[PDB]
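A.B. asks: Now for the letters of each chain:
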Amino acid sequence: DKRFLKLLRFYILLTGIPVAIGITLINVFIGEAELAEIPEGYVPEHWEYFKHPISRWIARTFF
Amino acid sequence: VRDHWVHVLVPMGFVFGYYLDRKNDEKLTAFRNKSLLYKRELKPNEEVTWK
Amino acid sequence: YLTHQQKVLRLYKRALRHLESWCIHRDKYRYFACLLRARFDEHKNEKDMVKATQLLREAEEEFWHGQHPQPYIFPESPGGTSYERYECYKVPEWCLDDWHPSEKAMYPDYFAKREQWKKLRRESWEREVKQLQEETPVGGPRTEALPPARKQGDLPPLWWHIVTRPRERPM
Amino acid sequence: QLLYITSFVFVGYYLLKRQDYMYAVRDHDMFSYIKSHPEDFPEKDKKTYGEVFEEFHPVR
Amino acid sequence: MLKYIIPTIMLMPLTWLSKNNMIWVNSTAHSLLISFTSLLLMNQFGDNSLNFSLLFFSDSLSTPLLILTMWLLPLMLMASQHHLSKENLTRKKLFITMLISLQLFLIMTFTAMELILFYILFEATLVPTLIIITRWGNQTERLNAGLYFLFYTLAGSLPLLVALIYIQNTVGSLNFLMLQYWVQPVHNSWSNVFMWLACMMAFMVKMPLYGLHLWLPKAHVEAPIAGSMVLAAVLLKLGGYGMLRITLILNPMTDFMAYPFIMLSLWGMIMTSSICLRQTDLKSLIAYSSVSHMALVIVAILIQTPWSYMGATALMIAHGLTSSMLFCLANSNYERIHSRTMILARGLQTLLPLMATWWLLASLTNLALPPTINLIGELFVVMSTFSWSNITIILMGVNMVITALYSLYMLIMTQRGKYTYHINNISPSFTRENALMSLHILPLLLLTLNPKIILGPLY
Amino acid sequence: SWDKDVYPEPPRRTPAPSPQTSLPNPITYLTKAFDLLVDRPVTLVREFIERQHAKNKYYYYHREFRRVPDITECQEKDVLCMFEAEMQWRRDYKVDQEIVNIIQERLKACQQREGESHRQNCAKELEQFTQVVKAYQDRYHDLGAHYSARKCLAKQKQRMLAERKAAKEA
Amino acid sequence: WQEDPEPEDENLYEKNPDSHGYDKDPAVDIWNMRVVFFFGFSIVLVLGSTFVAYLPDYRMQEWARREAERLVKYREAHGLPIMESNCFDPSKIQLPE
Ligand SMILES: CCCCCCCCCCCCO[C@@H]1O[C@H](CO)[C@@H](O[C@H]2O[C@H](CO)[C@@H](O)[C@H](O)[C@H]2O)[C@H](O)[C@H]1O
Ligand SMILES: CCCCCCCCCCCCO[C@@H]1O[C@H](CO)[C@@H](O[C@H]2O[C@H](CO)[C@@H](O)[C@H](O)[C@H]2O)[C@H](O)[C@H]1O
Ligand SMILES: CCCCCCCCCCCCO[C@@H]1O[C@H](CO)[C@@H](O[C@H]2O[C@H](CO)[C@@H](O)[C@H](O)[C@H]2O)[C@H](O)[C@H]1O
Ligand SMILES: N=C(N)NC(=N)NCCc1ccc(I)c(Cl)c1
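Protein chains in written order, with UniProt numbering: chain F, 64 to 126; chain S, 7 to 57; chain R, 9 to 179; chain U, 61 to 120; chain E, 1 to 459; chain P, 4 to 173; chain Y, 55 to 151.
Simulated from the structure, these hints should not be mistaken for laboratory data. Among the hints, a few may not be true.
Straight-line distance between alpha carbons at most 25 Å, and here's what the computed SDA-like set of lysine to any residue pairs gives [as the list claims (entries may be wrong)]: (1) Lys78(Y) - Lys452(E); (2) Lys126(R) - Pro77(R); (3) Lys171(P) - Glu138(Y); (4) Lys114(F) - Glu67(P); (5) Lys452(E) - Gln148(Y); (6) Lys33(S) - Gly172(E); (7) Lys69(Y) - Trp55(Y); (8) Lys107(U) - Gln148(Y); (9) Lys78(Y) - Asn20(E); (10) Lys159(R) - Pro174(R); (11) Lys97(P) - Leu47(P); (12) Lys107(U) - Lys97(P); (13) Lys7(P) - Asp143(Y); (14) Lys97(P) - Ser41(S); (15) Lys65(F) - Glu64(Y); (16) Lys127(R) - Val146(R); (17) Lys107(U) - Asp143(Y); (18) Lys452(E) - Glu64(Y); (19) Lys80(P) - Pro252(E).
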């Protein structure tokens, strides 16, 4: 039982810690988008309608 | 490597399936840039709105 | 199953304990416990077993009327407050067989002596089975009593689970 | 194994051609009949939903 | 959907071309990668469903069922590999092939636009499921369980085939997007009463509806563990998913045709919950628990309100993970004591401490402890049926009391009390078993932090 | 931060401290400790993060949906027009749900803000809540889980017919 | 009759006290443990949970709130009703009779 919990904790932290660090660095050194009026004659890309950089990246990349 | 070549089958299936999904969209462009909601004029160097 | 003598003695113990639950105070209990003993001694020599049975039957109806609805129970007796309290901590000995070798390494002396008990159990088993086989009437045992070991160097048949049972306060 | 695939593909190719021809013939026949019998296939005048009345059935 | 169909198919050559001893490693690893990619289906819009092509589409209803389907395959592979260890290699590969083909039919079933395509794939799931039960089940009765499973389903599905073909002739299409716009009201007549029944009874047998449920306890008692997991987690939900879709074209006739089936489900859930208190077979108890839970789903689907459709979707997902977990917990005991009797092995918390925690967590979700998605779904159904009729709160309330009673009774009987003296082969929990339990409960409890993705199209 | 007109608040009126005791107020000194030990270090961290955001400034927009013909203008069974009209009706339905949520949030904030005087002081919020709920109920309530623009229209025409008949009899 | 006896049940811990329960071969047993834990926990549950948390406005729930604020601001500024009983313009409707 102790071994399983140790293994479970290790593999969750294996990607969890890098993801937690990556989210923090993204939020600090990139930040969220600022709401702006659509400039006249400008057609935003579909991924420009979302505020968070990770959300924009998901929309731009996969969706 | 002959030991670990089977590990490309499923990933290649996904790439091929992703590929076939995109070609299937190309047969469904009857209304690209023709809907009342999203119809507009093409951007200065733009050839199609989506693909 | 119970003899007449056994039934009388069980009533006498039972009535005293319920009398004790009513009286509470020791001096009061001592006084009434003596009167109750006197009533039992009033018919100790009744030789007519038909009359003796009726006296026992009437005493049981008298007990049922006068029993304490909430008698004292020793904490660890059945129905007591501590009954079965430590069953959760009792672990059978065979679980140690499944310990990882690293866990076993922390008690090298305990597990050395444990092997000597397992060896003793293995080398005793065939005698125990053969002793019971040759002491049992044809139609199987008639009672649950087990025999003692007859020879020197023999162990009483079916001893392992009695001798190695969990301790009453195992943790 | 090579001839199994080739045999199936070869026969399958011609069966597919006949299949597509028979459905084209079916459509060709159907449109000609509609053309030759306009009285049985009138162009009905369609109304909008603002004009058409549909009963409302509340779900409550 | 081809980005999921093709990789699922590729699991078959992967299994057959794997090294002899790497069949479980390879198929488990790659079916988890497929499960990972299934999260791309979360690209759901507020107005339009995700319509890939003429054949397949996803919306908020099918997406959570698809992810549950694709997550369950790797779990079924870990669950099965121990009791199949003495099987010869070719027969192990055939077993894995049946599981892969079942996933292929399921992901196509949940995404088909056209209702005859749904019917065929919905029916195709019978073949592998029957093969798994009858070939790899343990005891003699598995042959009868296969027959009851097959013929209960076909007695309902064949009338559905007639009704669907009838509908296409009249309407001109069975594409579900078209039916959303061309649907016409069903007027009262004896013809439409039987059209309504032909459209629904097949799905009711799948749920299963109370009174048509007796096939389910037989199938579970006889099926291998993977058969139970897919049966409980996904196969029952084909009935729910089918009813959620086909009720579109049965209005307003559903207003009164639902009453006999609401009474069966409202009363049936109390009777099956009470039955669970007296069951002696642990797999049979869990099977009856499923009938009780699915009774709410039937009621929610039949009363047709936004809250009930959200409750129905959440319950279907929550029940799938919980019931599959309970079967896995019951199986892990079975693989030690080789008996399903609930009273045989007691006091197991003393011998298997961590596995007793999985039992506790599984039981808490089964009795719907807030804020689990099990409660969210059940609460939403209870809210909506109260508006349907205030009196139903009494039946719902009584069921929640009895549900807690048998959920904890199952926990108390197997995990607490005194361990059975003569059972001495209770070896410690394997890493495989602990990982299997945690791969049910962890996704289930993580969904509490973001329930919207399992609330369906009406969210 | 947010539009003060959409989410109005009254002008705050705090009373100045008016001590009538010689004992020091422990809250006053705790406030100084909180400002020095908690708020000040927190503010410095935010100001650092705000500097990084300024270096990388980018925008996102609010999607604007062109109006399209609604279900009343769609010919029967013309799926292409019904589709655009139906998707529009669904978008407005999700917007009206949020309008009711905004009004409910005004009502809830007023009740908490006004304290024991809330029954009198929150009348306007209560009345506005009552009206928007009535309008929302007329539009969408009782449509069922398979709601659509068609069913919404059928419900409106039923209401309009009852309103015309009532005036006719009046 | 001519039937093999029923084999005794095998305890995987006897030959391999370090068994993970996956396979009797220790090397395969360990690999099968790693794929389950890495692809199951490290990837699907950790990355999948992160993916779900940052979905771009699932079903335009956020857009509808921004849109509702825009409409409420405009309609109150101009003295219009916040919301109307009629969803569809009665001028586009034609009642029977
Ligand atoms: C925790 C690990 C998680 C890994 C998954 C996430 C990977 C992506 C991390 C964020 C990558 C940067 O994300 C991206 O940043 C830039 C802003 O800098 C944005 O881009 C926008 O601003 C940049 C300026 O920087 C300009 O090119 C332009 O104005 C516009 O494209 C993108 O809209 C956003 O999506
Ligand atoms: C839950 C996690 C799921 C894991 C999925 C694992 C499989 C990964 C599949 C990756 C597919 C990426 O495929 C391709 O990627 C590039 C960026 O790299 C995208 O790049 C494009 O994005 C949009 C598309 O309108 C546009 O800005 C532009 O055309 C281009 O930037 C493509 O839109 C996408 O089709
Ligand atoms: C005319 C068109 C024909 C198209 C044919 C395309 C595929 C043709 C493949 C020909 C080569 C097959 O060659 C044969 O493959 C299998 C697995 O690959 C090998 O045999 C296999 O046995 C078991 C699995 O059953 C495993 O240990 C391992 O996968 C491999 O040793 C044989 O040792 C090899 O002789
Ligand atoms: N006697 C019948 N009802 N059946 C029948 N053969 N109808 C003839 C109609 C038909 C159907 C398919 C095709 I292709 C073609 Cl060319 C013609």
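A.B. asks: All hints, please: hold or fail.
C.D. replies: Here's how the hints hold up against the structure:
1. Distance check on the hinted pair: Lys78(Y) and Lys452(E) sit about 43 Å apart at the alpha-carbon level, beyond 25 Å; violated.
2. Our distance criterion of 25 Å between C-alpha atoms is broken by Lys126(R) and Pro77(R), whose separation comes to about 50 Å.
3. The suggested pairing of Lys171(P) with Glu138(Y) holds, with an alpha-carbon distance near 23 Å, which does not exceed 25 Å.
4. With a C-alpha separation of about 16 Å, the suggested pair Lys114(F) and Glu67(P) falls inside the 25 Å cut-off, and the hint holds.
5. For the hint pairing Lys452(E) with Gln148(Y), the CA-to-CA distance comes to about 40 Å; that exceeds 25 Å, so the pair is violated.
6. For the hint linking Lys33(S) to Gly172(E), the alpha-carbon distance of about 23 Å falls within 25 Å, and the restraint holds.
7. Between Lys69(Y) and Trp55(Y) the CA atoms are separated by roughly 33 Å; this puts the pair beyond 25 Å, and the hint is violated.
8. Between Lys107(U) and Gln148(Y), the direct Cα distance comes to roughly 11 Å. Compliance with the 25 Å bound is thereby established for this hinted pair.
9. Proposed proximity of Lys78(Y) and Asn20(E) is supported: the alpha carbons are some 13 Å apart, at most 25 Å.
10. A hinted pair counts as satisfied when its Cα atoms are at most 25 Å apart, and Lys159(R) with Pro174(R) does not qualify at roughly 28 Å.
11. Of the supplied pair hints, the one linking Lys97(P) and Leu47(P) is violated, its CA atoms being roughly 40 Å apart against a limit of 25 Å.
12. Restraint check for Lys107(U) and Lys97(P): not satisfied, since their Cα atoms lie roughly 29 Å apart, outside the 25 Å limit.
13. For the hint linking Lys7(P) to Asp143(Y), the alpha-carbon distance of about 31 Å lies beyond 25 Å, and the restraint is violated.
14. At roughly 22 Å between alpha-carbon atoms, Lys97(P) and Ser41(S) fall within 25 Å of each other, so this suggested pair holds.
15. Restraint check for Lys65(F) and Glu64(Y): satisfied, since their Cα atoms lie roughly 24 Å apart, inside the 25 Å limit.
16. Our distance criterion of 25 Å between C-alpha atoms is broken by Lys127(R) and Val146(R), whose separation comes to about 32 Å.
17. Among the hinted pairs, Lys107(U) with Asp143(Y) is consistent with the structure: their alpha-carbon atoms are about 17 Å apart, no more than 25 Å.
18. The hinted pair formed by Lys452(E) and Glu64(Y) fails the criterion: a straight-line CA distance of about 46 Å is larger than 25 Å.
19. Distance hint between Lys80(P) and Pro252(E) is fulfilled; the C-alpha atoms sit about 19 Å from each other, no more than 25 Å.
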